[PDB]
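Fit chains B and C to the given chain A structure using the hints.
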Amino acid sequence: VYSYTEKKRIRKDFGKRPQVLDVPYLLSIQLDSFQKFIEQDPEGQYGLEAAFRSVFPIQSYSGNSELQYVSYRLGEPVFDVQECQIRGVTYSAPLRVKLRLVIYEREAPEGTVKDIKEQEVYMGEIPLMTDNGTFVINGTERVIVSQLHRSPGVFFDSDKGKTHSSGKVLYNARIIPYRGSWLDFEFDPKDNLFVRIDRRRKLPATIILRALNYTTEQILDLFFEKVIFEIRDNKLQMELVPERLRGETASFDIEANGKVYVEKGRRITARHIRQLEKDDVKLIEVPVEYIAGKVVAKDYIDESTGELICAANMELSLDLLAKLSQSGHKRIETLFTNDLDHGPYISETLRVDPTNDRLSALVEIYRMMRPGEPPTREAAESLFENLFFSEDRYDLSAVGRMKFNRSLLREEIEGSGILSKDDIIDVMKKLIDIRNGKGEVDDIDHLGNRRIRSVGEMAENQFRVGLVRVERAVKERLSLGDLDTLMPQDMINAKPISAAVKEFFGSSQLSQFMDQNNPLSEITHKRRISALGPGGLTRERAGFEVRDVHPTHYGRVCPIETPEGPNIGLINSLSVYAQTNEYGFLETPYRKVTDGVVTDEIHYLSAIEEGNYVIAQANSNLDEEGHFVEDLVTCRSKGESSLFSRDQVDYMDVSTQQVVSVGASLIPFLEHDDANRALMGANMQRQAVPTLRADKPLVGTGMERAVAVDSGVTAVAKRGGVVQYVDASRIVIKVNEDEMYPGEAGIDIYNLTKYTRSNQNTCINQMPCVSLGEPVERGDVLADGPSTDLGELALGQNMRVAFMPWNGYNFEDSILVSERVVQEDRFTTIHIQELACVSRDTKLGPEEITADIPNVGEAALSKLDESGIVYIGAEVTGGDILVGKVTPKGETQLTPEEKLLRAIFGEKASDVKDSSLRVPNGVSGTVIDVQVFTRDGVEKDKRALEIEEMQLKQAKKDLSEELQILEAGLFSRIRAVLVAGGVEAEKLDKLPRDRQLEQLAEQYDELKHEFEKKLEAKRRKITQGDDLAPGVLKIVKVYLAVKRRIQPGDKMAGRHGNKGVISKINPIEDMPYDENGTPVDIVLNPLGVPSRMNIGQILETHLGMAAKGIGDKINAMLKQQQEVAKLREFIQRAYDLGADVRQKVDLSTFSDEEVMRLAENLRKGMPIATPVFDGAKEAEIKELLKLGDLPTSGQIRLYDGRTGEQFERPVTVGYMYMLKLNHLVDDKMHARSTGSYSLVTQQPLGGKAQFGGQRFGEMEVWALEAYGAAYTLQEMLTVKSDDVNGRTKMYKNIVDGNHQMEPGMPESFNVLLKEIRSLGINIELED
Amino acid sequence: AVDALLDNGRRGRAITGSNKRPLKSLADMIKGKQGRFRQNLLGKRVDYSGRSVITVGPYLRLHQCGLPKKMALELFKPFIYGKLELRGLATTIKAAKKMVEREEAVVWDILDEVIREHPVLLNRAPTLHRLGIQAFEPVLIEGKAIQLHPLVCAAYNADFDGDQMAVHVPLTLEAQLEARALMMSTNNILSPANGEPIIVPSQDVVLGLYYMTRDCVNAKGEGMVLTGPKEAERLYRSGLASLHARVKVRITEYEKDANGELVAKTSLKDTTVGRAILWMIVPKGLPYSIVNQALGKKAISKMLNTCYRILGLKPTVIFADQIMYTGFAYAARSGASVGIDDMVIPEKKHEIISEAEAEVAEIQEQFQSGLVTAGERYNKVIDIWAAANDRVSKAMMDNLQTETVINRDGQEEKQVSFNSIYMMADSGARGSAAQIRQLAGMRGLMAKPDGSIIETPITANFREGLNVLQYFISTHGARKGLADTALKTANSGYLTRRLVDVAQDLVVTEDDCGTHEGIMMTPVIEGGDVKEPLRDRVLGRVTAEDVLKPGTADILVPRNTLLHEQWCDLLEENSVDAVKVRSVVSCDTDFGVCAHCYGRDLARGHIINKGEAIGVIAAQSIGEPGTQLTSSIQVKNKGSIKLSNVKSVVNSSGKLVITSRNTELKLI
Amino acid sequence: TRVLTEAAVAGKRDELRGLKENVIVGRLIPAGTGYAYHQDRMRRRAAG
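These protein sequence lines are chains A, B and C, in that order. Residue numbering for the first sequence is 2 to 996, 1010 to 1341, as defined by the authors' numbering. Residue numbering for the second sequence is 302 to 931, 948 to 985, as defined by the authors' numbering. The opening residue of the third sequence carries number 1329 in the authors' numbering; numbering runs sequentially from there.
With the rest of the complex left out, here is chain A:
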């Protein structure tokens, strides 16, 4: 149980709910979704294998040079992550696809002559997914939010009371496609079944039935039945069909056996239909009245007389039926329709398409498409067959036909991709059935109609774009080729793929640079849902609908972590324990409870199956095995929290975090604290500052370990072993042989990022935690990163906080801070800036990097070298020179006096000027590394030769390890073999190493071979990998490190949600001290507790005070130097916590050098693991306070920091954990009034950028129109800052000091006069 890191610092487990759900790979949503994508699968795995099968064999017309599918293969990663991070080239693998190019025989049973299979041919790259969940394409790692949209299948919606605004509620339906088209269904209380394509106009269903030519009778028989009426002996009898009597008013005598079952008056509902079925008598007498009025099916004119009066489908009455009954007809086939349930919809749709032929029908369909232009019969027919029937057009995978049939209550989850009419018309008939009452509609929030296409899934669709875009460059080479001319890489290209997959991985709307300032924010950027997706949703339409949350999301989605603006309910985060389903749904852990015992059989569900089963709650008291202590447990039938039984449970919620997200897990004591400080809480957690000293949370949850380690900000090991050469920049691990590769031995080398630049320009630096002389465990950690410490997510820092309104220094949001923090600077952030230097060859002058600056002194070069590059290690500010830039000037800029000196001195003297790269006013910095990127082919001088030489030795130092370790193994080996060839032990120690003798000499040389071919390798990257942009092949990027501290005006907060801005950071002299005299560090406002309801916030304060209270015990007694047993006694109280459940105590392995060492770690606080729905209780926190030196209430007696009088009724104190959002004073203080506007006009320079002044807003305008003094606004935006000459006339005026002026026609205003003076309306100014 105890690791080498748990011998250093074990997380004290509160342990309430037993361990049962183990944290799997929380980022499979990334990797394994990508695994379904790229993977060798003969089975046809939905991804690359299924895609290239679904399209290959690609055959085209009259060419018969069919390109088929075999498999694919990847290239090697182009660099390692580090180089792809520094240099910035796509971390990718060149897709080498195995393709079969075969040529057939014309006028023969197609024989293959040339089966030229060009395997692994170049079909562009595909960015690879680093095994953490990020993409290292251009510089820093970017991320793409997986997106939700309506799932392929069929769905129902209602729009009740919103389709008429009078009282007629509808129920319509849309057939969702996957890769094809939608089929929209307009259903209305107007008794009309209309069809429409995708989002088009209103078409009758029959506009296409007649456009396939099905006459009225071939229509109304498939849909509606035939009630067979009998007229015998001149009297109307009805063969009673009780099911067709659904929804009908009994207006006549429905009698059987004379006994009247359904009477005249009360209508037919459901019981009297069964009263007809009770005794099975199906024969009733119907007055003549009843049949008079129904439509006939067949042609029934008079077959006894001989006249054609009517056609078909025409009514019967006291005229026409009075002729069909006196003539002599018994069997008359009519058609069935009614009013309540089954309405004559199709009857009310036939003549909407006024055609009786497919010809004009298609004309009508094309007239629906576009107006004005001519419909041709030929083009319409070919179109239809190759739309929903052509396979490369329409599709509905194992997803389409699945939700299709299940919503049809069928059984088959599989079938075709193209449409099947049997199934389609069933939907149409059921469409009527829902627009009757026999069948209802669904909701959009039901995840059955919601498919999340993950990163890899969406990638296939974007890659599909690329595949067809260049497929037009394939099929036509099949048409413009002959036999063998077209070859792979003659048809297929590389650019389309580049502008397709990179278009997704780098140019997608959900694809953007990962906010790298909080490892948590990195993980939640990866594992996240986006309601705004491709073929998904937008926010300028939805008022709030998309934004609100439904209860079927229970257990897999978390709403807490979302921004504040219009992006609420759009950029939602997911739940930790979610798992990618193949269909694009989710699979969520549920403990299978076999009627009594909760077995560890873990089943997977989506909102489809949640709606069918009933699952127990996890916050319910269970006893020992899983047999609920009570007779009850609150379960959910469809997401219905209600009183359910111990035996009705099918499933039960697994763990306390199966619904919780990483951001909310970090916030302890959820059950308590208000939802608002929680939303705004997880909100600010994506803003945790990368401080120098990353202090680990006193009171945690156990996810601290689960972020600091599960991120990419830590250097984990795939093997274990004694550290060999621990430095700051490298981690050489001498790996244990039981896990060391039997193939070329092996050691673990890890180059740590060194104070580099991040996305948010903040210093990121992996720090060596493991010291020299200590082995590690496999899958353990060697390095930390900012915002993380010893593999623990440390966002901010925690210290002594007190609650009291102290002289307005806690006003409204204000926090009061002790000068101690800035006096320690343990809370300082280092912002490094990269300043690119553009140069390299202009057509007027081959740009060099200065190498000389005219008309100034050698001061500009005493900081630069002969090259013009500033030395690494200086400090700049104001407007210094970093690097010099040569730049063409001009013959226009030269005078005839210096055109004489151009014929003497030279051409390139005053031809190029010095327009170097300069530091704008207001920027400071510290050069730590200047990266020049040489033009490939033409490198720079001695300076760059020192830099390349530097990284060359940076390669040699590391390449030496590889060699050395086997050199030692094999040497002792040599030391024992030559003795067998004549003892030479002492002799070999005095003889050269070149003394299996054949084999060993060989391996020695192969490692040395490897040695030089890697120096060559690395040096190659160093020498020619500097080409950046076409034209400008020489770019000089300089880094400027600037430490920014805490000061009066900074915004400090806490994880819990409480915010704050420092008013006046006072000296520690003014700190309220306790009975002992310990100065407080932070002072907050108590007035926000009742309102904001930050209750869990104060409870963590007391346990935080308890985590340090026990430290107080240890520390004192540890300075006394007492035995390991005494402290161990306190540790045991500290590990039994009380007498509740567990903590998994010590004394398994030796606790002497483990806990005494753990004591040196706990004499500063104790990291605690804590469940959020049943965490630390009152008497539990009290047990810990009283175990140290603290009273019940935790309200300690402090004296005024400025006086000494005790604050009446002791103030509540303790240790709170902080959280500093990245909102800094430096970032928003734009002290520029005037510096310079623009170049072409008086246009502003940026908005948030440098040289910042108030962007004069228009709301500001109207307010200044309110104040009666026009003058100040007058001048402000005309006389001042508008009249280009007027403000200089004012400059030259006020540099004397005499405010006195005249009116201000803004000159361009005088051009307004001039323009109409040019027309004819000559404006004047008379008198």
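Among these hints, one or two may not hold up.
Dumping the calculated DSSO-like pairs for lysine-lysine here, alpha-carbon to alpha-carbon at most 30 Å [claimed, not checked]:
1. A:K1262 with B:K334
2. A:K890 with B:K325
3. A:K1078 with B:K598
4. A:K914 with A:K844
Simulated from the structure, these hints should not be mistaken for laboratory data.
Chains B and C only, in chain A's frame:
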């Protein structure tokens, strides 16, 4: 040729010499945005100003703001050179630049000459109101953030979430005085919307004085006497007495009952130590009676207002100044801040939930019986949990009202709960009966994602524990408020846009017109008691004609008389209920309004000027609350039915009926 | 351009009697602090 110059005419924009480029357009020089590009968005970028973040500074006098030294240099250089050569302490202006180049102490003293009585104007970007543009006096603070006087932030409606202010500088003589004139903070202490003090003491300040004027049963020195509020200082600021002891002191209060003289009147009060010290704050003119109250946010609101209507503005201004310092002062001296021992859950809550369980469990059995329907039981669940919550309310509130029982002249004796949360519920600062019910009690029933109401409430309490399902119900409501702000703001500016687009040029150009015509101001007594009374509609106008009393031909207010505070009090004493007042639409003045038809109410309280353009200020103040905008009859009172405009007829059994729809039921 | 036509053909002599007008020309409105200013100005226009 003509066309090509203007807009290329409208004929087609003919390209230039063999180039994809229409000929140049001066139309695209006289039609861009708002006409031209100064007046358009992006015209100018203010000089002599500084867009900088903000910070508190609890010590700033009401008439001053704080400006950073670095910012100072950058913004006043021209004035610095104007000074350096008008006097001549610098060699040349170039050497003057070199002096600030060397940061020489000399020019920082000349910096003192250009700032120490040179006022500045202030403004924020999100500001849509005129109350967001004010003025103060600069104070040289070494730093980077613009400090301010705490309580004024509420006026700008600016918290501490990133309010970057652009503080402007009035260069000309005019603007400097205009700042200290109408734009001075200490002058616009009234809202142009209503004649109430715009700034109400926030909350830190009030709990400090809630702890000042306060009653607690255990009192050290409860009975002694003083003759001076100054030795009162020497008792608590020393520590020998409490700030709550019931002390009998001689407050020789004053009252300006004379023609401007504060009459001397001796009196002794059974006051508390803090209230005596509160007198050291309260200017003589203001009487001790108003300050012998526990002081709440609303009490202290009207408190400052009375000091204005009575004693004046100057007393009130420097008085509120005093208040600010001592408000936060004793807030510190307060000590008592928050208590976990206060948030006790009664075992009555757990008891009623037990009932609330068994009850609906039986009502659910009434469903398995078919008595109540799903819908009737839907509202029924609502029904009993509502009653259950109110009963738990009847417990947690009384718990938090009488439970602090400390010994005094017996064994125990109660006082209002000293529980801090209750103090915020008494001062009414930021703790209300519903927020209290939402932490220490069951929240109540919540809105569903559809907008309707889920029959089941949030079972437990947030202070203790719930789960994510309960959470999703609540998530709806939270996200609800968020969406609202996010849209309302943009439309408000656009609303005031069309508003200015209609009123801008309306200016008061006369004072009296020559017409009796006005309209009728009436209390909109609808439903129950009046929604909007008579007084507040008349507040700041002039009676149309010579108004009579219920007593006929007895004029209680001659035609042309400005109805201010006293006359409004006057119209509330008389039995007159309907008053015809001169309206701004009935104004005889064409192309404007007369001072009379308008009145006096604004930030000022005086006669509206000839030159004061009411047009624009009307616009902004109606669009200011833009961001904010979103059975039998048995009366429980005692009056008498006064049937109006209806023919009522007696029928059998001597009852009465109504024969019309037009029927107002009065309660005389 | 609408406005161009709209007042150009009528030659609508609007003597700068509005606030908005006064501001685009950068001059004191005949109200507020420009009241007495333009008072002297108005009786100096078409009068005196």
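Quick one, are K1262 (chain A) and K334 (chain B) close enough, alpha carbons at most 30 Å? holds, 22 Å
Would the hint linking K1078 (chain A) and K598 (chain B) be met if the CA-CA limit is 30 Å? Satisfied, since the Cα-Cα distance of roughly 26 Å is no more than 30 Å.
Given the hinted pair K890 (chain A) and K325 (chain B), is their Cα-Cα distance within 30 Å? Given pair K890 (chain A), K325 (chain B) holds - Cα atoms ~28 Å apart, limit 30 Å.
Taken at face value, is the distance from the CA of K844 (chain A) to the CA of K914 (chain A) at most 30 Å? Between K914 (chain A) and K844 (chain A) the Cα gap is close to 15 Å, so the pair holds against 30 Å.
Violated hints: none; the structure is consistent with every hint.
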